[PDB]
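Given only the sequences and the hints, what does the whole structure look like? Please build it.
Number of protein chains: 2
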Amino acid sequence: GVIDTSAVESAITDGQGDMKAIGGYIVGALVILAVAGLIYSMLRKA
Amino acid sequence: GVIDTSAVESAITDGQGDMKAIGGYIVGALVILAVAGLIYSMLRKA
Numbered sequence: 001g002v003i004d005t006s007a008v009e010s011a012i013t014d015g016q017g018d019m020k021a022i023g024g025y026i027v028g029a030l031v032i033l034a035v036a037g038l039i040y041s042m043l044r045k046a
Numbered sequence: 001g002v003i004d005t006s007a008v009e010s011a012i013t014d015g016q017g018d019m020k021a022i023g024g025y026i027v028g029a030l031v032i033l034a035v036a037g038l039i040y041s042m043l044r045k046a
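Quick mapping for you: the protein sequence lines, in order, are chains A and A'. A prime marks a further copy of an entry chain. PDB author numbering puts the first sequence at residues 1 to 46. PDB author numbering puts the second sequence at residues 1 to 46.
Just so you know, the hints here were simulated from the structure itself, not pulled from any lab data. Some clues are possibly wrong.
[Stated by the list, open to error] Simulated restraints on C-beta separations:
hint, chain 1, residue 1, chain 2, residue 2, range
1, A, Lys20, A', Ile22, 29 to 37 Å
2, A, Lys20, A', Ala46, 13 to 21 Å
3, A', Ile22, A, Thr5, 46 to 54 Å
4, A', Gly28, A, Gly15, 45 to 53 Å
[Unchecked claim] Anything over 12 Å on all C-beta distances counts as not near chain A'; from chain A, calculated:
hint, residue
5, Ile12
6, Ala21
7, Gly23
8, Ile26
9, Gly28
10, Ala29
11, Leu30
12, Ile32
13, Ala36
14, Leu38
15, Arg44
16, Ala46
Don't be surprised by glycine CBs; every beta carbon is placed ideally from N, CA and C.
Right, dumping it as structure tokens:
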């Protein structure tokens, strides 16, 4: 009496493979305010 | 002064043996909307 849920794992494993894609696109934008955070500290201490 | 009613029990015991046959054919179709009723609830809560 089953219902075919084969279209579930095919849909959301491709879903969770897309959460990883837009996680790496944020990490690449948070290191901008990490690098610029501490080369401001070099100019101030000088 | 009897009338032979031997053809009665031979006719309706085979009749009530057929009500059981089409009762089990409905139960097999009501569990479809019982299973699908609560795997819809898993997808909604996720």
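Tested hints:
1. Checking the proposed 29 to 37 Å range against A/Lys20 and A'/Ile22 shows it is violated: the Cβ atoms sit about 53 Å from each other.
2. About 18 Å separates the C-beta atoms of A/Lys20 and A'/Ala46, a value consistent with the hinted range of 13 to 21 Å.
3. The hint said 46 to 54 Å for the Cβ distance between A'/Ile22 and A/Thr5, and at roughly 30 Å that hint is violated.
4. Here the CB-CB span from A'/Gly28 to A/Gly15 is close to 34 Å, at odds with the stated 45 to 53 Å.
5. For A/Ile12, the condition that its CB be more than 12 Å from all CB atoms of chain A' is violated, with the nearest at approximately 9 Å.
6. A cut-off of 12 Å between C-beta atoms confirms that A/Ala21 is not in contact with chain A'; the least separation is 20 Å.
7. With a cut of 12 Å on Cβ distances, A/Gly23 stays outside the contact zone with chain A', its closest approach being about 19 Å.
8. Listed as outside the interface, A/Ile26 is consistent with that label: its C-beta sits roughly 23 Å from the nearest C-beta of chain A', beyond the 12 Å cut-off.
9. Non-interface status of A/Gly28 relative to chain A' is upheld: no Cβ of that chain comes within 12 Å, the nearest being about 29 Å off.
10. Against chain A', the non-interface label of A/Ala29 holds: every CB pair exceeds 12 Å, the least being about 29 Å.
11. Against the 12 Å criterion, A/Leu30 stays outside the reach of chain A', whose nearest CB is about 28 Å from its own CB.
12. With a closest Cβ-Cβ approach of about 34 Å to chain A', A/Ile32 is found to remain outside the 12 Å limit, as its non-interface label requires.
13. Its beta-carbon lying about 39 Å from the closest one in chain A', A/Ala36 satisfies the requirement of being farther than 12 Å from that chain.
14. Look at A/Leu38: its CB is around 41 Å from the nearest CB on chain A', clear of 12 Å, so calling it non-interface holds up.
15. With a closest Cβ-Cβ approach of about 49 Å to chain A', A/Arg44 is found to remain outside the 12 Å limit, as its non-interface label requires.
16. A/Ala46, annotated as away from the interface, keeps every beta carbon of chain A' farther than 12 Å; the closest lies near 54 Å.
The structure is inconsistent with the numbered hints 1, 3, 4 and 5, although it conforms to all the rest.
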